[PDB]
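2 protein chains.
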Amino acid sequence: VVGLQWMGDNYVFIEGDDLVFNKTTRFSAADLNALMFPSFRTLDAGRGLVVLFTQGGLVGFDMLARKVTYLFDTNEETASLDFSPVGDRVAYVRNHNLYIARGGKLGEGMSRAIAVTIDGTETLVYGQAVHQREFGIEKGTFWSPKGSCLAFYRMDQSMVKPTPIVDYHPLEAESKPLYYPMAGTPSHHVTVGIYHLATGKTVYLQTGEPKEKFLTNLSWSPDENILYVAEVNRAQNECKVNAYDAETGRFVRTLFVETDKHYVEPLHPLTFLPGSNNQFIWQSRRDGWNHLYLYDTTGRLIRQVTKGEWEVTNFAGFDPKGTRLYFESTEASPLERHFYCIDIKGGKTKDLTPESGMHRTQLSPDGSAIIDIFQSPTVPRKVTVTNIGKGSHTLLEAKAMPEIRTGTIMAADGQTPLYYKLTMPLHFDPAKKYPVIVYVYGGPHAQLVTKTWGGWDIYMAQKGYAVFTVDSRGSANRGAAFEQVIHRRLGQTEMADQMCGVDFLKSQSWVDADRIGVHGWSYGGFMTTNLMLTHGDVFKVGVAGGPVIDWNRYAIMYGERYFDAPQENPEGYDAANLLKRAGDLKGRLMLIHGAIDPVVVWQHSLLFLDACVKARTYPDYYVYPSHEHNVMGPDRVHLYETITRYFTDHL
Amino acid sequence: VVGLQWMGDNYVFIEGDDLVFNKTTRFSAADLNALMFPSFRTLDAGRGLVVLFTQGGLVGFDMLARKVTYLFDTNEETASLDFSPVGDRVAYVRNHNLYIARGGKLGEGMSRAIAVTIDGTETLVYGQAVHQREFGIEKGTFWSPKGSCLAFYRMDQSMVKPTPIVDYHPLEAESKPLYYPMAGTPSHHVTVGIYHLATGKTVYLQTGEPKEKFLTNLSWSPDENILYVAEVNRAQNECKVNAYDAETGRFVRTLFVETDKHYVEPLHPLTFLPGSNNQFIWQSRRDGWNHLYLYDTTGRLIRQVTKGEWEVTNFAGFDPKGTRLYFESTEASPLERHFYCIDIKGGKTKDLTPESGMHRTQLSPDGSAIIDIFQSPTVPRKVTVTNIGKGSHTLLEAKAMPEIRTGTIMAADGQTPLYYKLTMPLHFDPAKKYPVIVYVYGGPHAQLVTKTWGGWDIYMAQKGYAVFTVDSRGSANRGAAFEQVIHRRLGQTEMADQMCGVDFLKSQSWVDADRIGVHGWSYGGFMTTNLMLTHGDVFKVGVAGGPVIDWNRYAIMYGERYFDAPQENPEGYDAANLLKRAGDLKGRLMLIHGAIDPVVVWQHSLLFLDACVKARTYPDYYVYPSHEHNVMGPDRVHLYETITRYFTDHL
Ligand SMILES: *[B]([O])([O])[C]1[C][C][C]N1C(=O)[C]([N]C(=O)[C]([C])[N])[C]([C])[C][C]
Ligand SMILES: *[B]([O])([O])[C]1[C][C][C]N1C(=O)[C]([N]C(=O)[C]([C])[N])[C]([C])[C][C]
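Just so you know, the protein sequences line up as chains A and A', in that order. A prime marks a further copy of an entry chain. All letters in the first sequence, in the order written, are residues 54 to 76, 84 to 96, 108 to 470, 477 to 530, 535 to 732 by the authors' numbering. All letters in the second sequence, in the order written, are residues 54 to 76, 84 to 96, 108 to 470, 477 to 530, 535 to 732 by the authors' numbering.
Any given hint might turn out to be false.
Because identical chains share one entry, a pair is satisfied inside a single copy or across any pair of copies.
Stated by the list, open to error - Restricting the straight-line Cα-Cα distance to at most 25 angstroms, the calculated cross-link-like pairs of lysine-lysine (BS3-like) are: (1) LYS461 to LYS232; (2) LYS138 to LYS621; (3) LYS282 to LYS217; (4) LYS621 to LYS544; (5) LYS470 to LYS282; (6) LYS232 to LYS247; (7) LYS247 to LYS210; (8) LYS470 to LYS210; (9) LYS510 to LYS667; (10) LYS232 to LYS282; (11) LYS210 to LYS419; (12) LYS461 to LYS621; (13) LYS210 to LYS232; (14) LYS470 to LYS453.
Since the hints were made in silico from the structure, they are not lab data.
Given these sequences and hints, build the entire structure.
See the structure below:
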């Protein structure tokens, strides 16, 4: 059901040719083409306003009125586009600087874009994501809700020592500095500008010292008078939610402060109640579980709205009156996602999607209805549309492969339940012994085992290899205690729990205990390498892609949260520094890296090979010179074949 | 016999503790230590003047007088040291600039070095090798024979587009540009300065246009009035030997010009006859074979001194009177090296080292005697000392391993004999079938098969693998016709001849024709890869180290000699461009590269892996991040084990 979404009070989808509306009407590509089924980006679901990407600029389109809105000329920039909530202007970044282009109405001619900044360059970045995209930061432009102002980040990274990123395709290779701030080093300096459209004036927030402070979750007041910022200290154990005057940039007040033994991690903006300039919802994991908190703008906590030993995983919004909250959570089970209603006064949740498994739900603009997309181990796809507190309507339902087994084991503490998935060999025979590969990630913010319906496990299984994954402690959606055990000690608990997975595998009669392998990417590449070095008698063969190898060389804003700074934690960093234990490699391990990886710099795997040379140990290697952190697109076929053949050759 | 050499009329060697002199006297490390067995560099064999490298500077020492000469302070620079023939000054390069330090006599105090240049930097190089060390160029400083002047290269490479060379060892990796001028691109601009010690004045040779001309084989007149230069054009098919006035830098005259259908390649300086400012010996391959030619300084050729279908391989010098020439050549056999005498009037050579095999010979300062070091397949080491035209005296003689077989096959023309060596499996059994690896180089200036006594072949042989090498056409010491067949067509003839080697192997009953592999480094890495892609049905497994893959990315001064320029020869370059045929890889090939390789830039192997990704083919890889073109020192053990295990795993 291509593009299933809300447009006004209609739910909408594509039929290769038509856009179909239901509350039935149909809008074809030729109907549309006459007014200039293609791709679009929805800008305003309530109004069904979208933008169409065409040869020769952007065309805004009102799908409810069936009328062109505006033509935009952004000099071919698309990545950084951020349309005003008014819908008639768009911000974007081009050749280092921030611009605003105004939409032009059909046959009324165009105006030249406004340059918000003029001194952007390699070490001075405007209007883009900062702080290595930590703290929920995905972009660097933030329109005020009435379109009067454009707030934006200014990142001076001139003090950061860069890493070369080399393009090998020109005749002579060309390097460009990547200002990647490594653990324990000087951070970049971010400030927040606000460009006022009426006056063309810019003011900077007076965020003050230390200049390294992290400026996160920018959130405008509904009346546009105040810009709120969640400021996080370098230690990452204090978050202050502060109000700044949008007119002058002056500090107004600190609403509240959160602190934690290990770390605080704000990830979501303040969300104001409907029709209110004075009350908002703030997400916080302060009580050990991510919950919704109701605050007024003086900083006074009215009440914790949600509570329980489960986590809110998506805040979807309010009823029109702002007396109810809608949200996705783990309340039913950490392996599941359901959509709920709760009174703003708190109390009992009501599960609006009760069936056991994974629900992905979209609340209608008017808050009256939901689109639900469901899948489970027995149900490939069930698409429903429901009038909340009324009838439900099914729109679509779907109905030798490797067998997938699931269950629970105890973690190394002997108390915490861990959930696993096991992809069995194709045509598995219980009388036979099989090799098995532990596919591991194990890092924060991910959860690999859910009650659901990129298939590398199935490919391995088709080659006669079982694939086992377990979500060890450190992993997500199980509360802060379950995650924070890793603090200052990366790899230690994670590997202990992965070895409980191995204990379970060895308890299976059909497992060949002498043919156990391991594979993972990124944090999973760190884990793969660490497991081979630490448990060299168990793990015969592994493949580690884009692996972290020396945490001192990972980015400040992620690494120092989980590990603290290298100066504060030499014992922990040293224990996880795989360069120090390269002489423990006694099996077959291939490392793979994208050469232009700006997340885990190529240096990590290169230094490991260098360490292995000195240590006289013998890893294998592959480099994708055109790829960044992950191998994307058709080349992923080459990746899977390289990884698979390594295991079929050696394990 | 450590350090065997001439000092005055004595032959000399070390005995761990003593320096022993014979014409017998002995000089111990304690005798020497009292005057301040250690290492030294001999500066003047006739006078037995040496330099000793010590903590706190250089100490010049007269071994015949047993006296310190001078103390030198070169601010710890050692690589670029070039001592004046007078022995009391030394030139060197430090922080981009050329200096001359004067020696200080014991207890007479020291003087500050003189700065010859002051504006050296990354794009302006002084006193170093230029033209990528082609044309016999090994250094960039050239003292006049009486020490009155210091000539030096100035290389402006500001027009060359650089390649990043990345040091991965700092916390954040650090790149430095390498001004490596690739085939068909703008070359660097070399001029020659002459610093006059008496006046402190510098003059530049008026070498003129084109500024890209190659300035080679700088050779001072004995009277210091003229500096001769062999100038080579960009096409490399014309060499002009020109005289310049040392006082003014003005052009004086062109002595003679050499031209060739394919290429001219001057490799040696003019060597003046003893006591003569008017006659010199010039080496030239103009008649198809490297020979010695007698010229006067007007440019008039007196006579070709040596001639024949063999090559002079080392010119050792003259009798004191300058009526005879001494030299090493292939006259006995291209597989052998003997030392000869010939009258300056020419005619018959006399072989002074008649025994069949490899002789390495040192003519005494007075030209009366020779030290000879001999080895052959039956003789590991025989060291002789002979009074020419008188008695000879033996000083030393040396006396399950893999069997080494040698023989001849016909090249692909069916006419030219090729010589091969075959290292048999350890404990070879004629009833058994064995895998075999062709170890290939095949490029110009090398000859791998000689009648002699780094052992990778023996290691492979010990693992049960035969190793076969054949010197295909293109290879050295067989005359110009045998080499120049490759011109404009790199890889084509070489591979045709290597396939004659395969034909020979397949004719052996003990060869397993389905288990043939190939290995080589550099040009041999190009050949390994090319053979796998071209003859994929034959070569099952290969390992290619520091391989050339795209000749457009090799250095101008070597590549354009053998291949012409890419614009002049698209058909030839395209045929050898292994990036275009990466989809033909159907066996197992590991490429290996030193990351900081300044000879074959790392880009070659990286782009091949990138080509294989697009082509969906599957090479393997290893990178030595701390190594340049070859893996040197203890790490070479790791290299051999990586290469060997690849073959034992897959072939
Ligand atoms: B990996 O697992 O993809 C990589 C190494 C460990 C963390 N990591 C990430 O990509 C994380 N993002 C960041 O580090 C951002 C770029 N700062 C992901 C997994 C989100 C936590
Ligand atoms: B290799 O075979 O080591 C490399 C690639 C082909 C030629 N080559 C060389 O190292 C040659 N020297 C140069 O290219 C110099 C550095 N310009 C050697 C073999 C001498 C001919």
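Cross-check of the supplied hints:
no., hint, verdict
1, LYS461 to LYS232, "neither (60 angstroms within a copy, 71 angstroms between copies)"
2, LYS138 to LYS621, "neither (63 angstroms within a copy, 65 angstroms between copies)"
3, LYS282 to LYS217, "neither (30 angstroms within a copy, 65 angstroms between copies)"
4, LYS621 to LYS544, "both (18 angstroms within a copy, 24 angstroms between copies)"
5, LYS470 to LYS282, "neither (56 angstroms within a copy, 76 angstroms between copies)"
6, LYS232 to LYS247, "both (13 angstroms within a copy, 15 angstroms between copies)"
7, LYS247 to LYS210, "within (22 angstroms within a copy, 33 angstroms between copies)"
8, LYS470 to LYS210, "neither (39 angstroms within a copy, 77 angstroms between copies)"
9, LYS510 to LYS667, "within (24 angstroms within a copy, 32 angstroms between copies)"
10, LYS232 to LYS282, "within (17 angstroms within a copy, 39 angstroms between copies)"
11, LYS210 to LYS419, "neither (36 angstroms within a copy, 85 angstroms between copies)"
12, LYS461 to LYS621, "neither (57 angstroms within a copy, 70 angstroms between copies)"
13, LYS210 to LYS232, "within (23 angstroms within a copy, 35 angstroms between copies)"
14, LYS470 to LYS453, "within (9 angstroms within a copy, 86 angstroms between copies)"
Hint check: violations occur at hints 1, 2, 3, 5, 8, 11 and 12; the rest are consistent with the structure.
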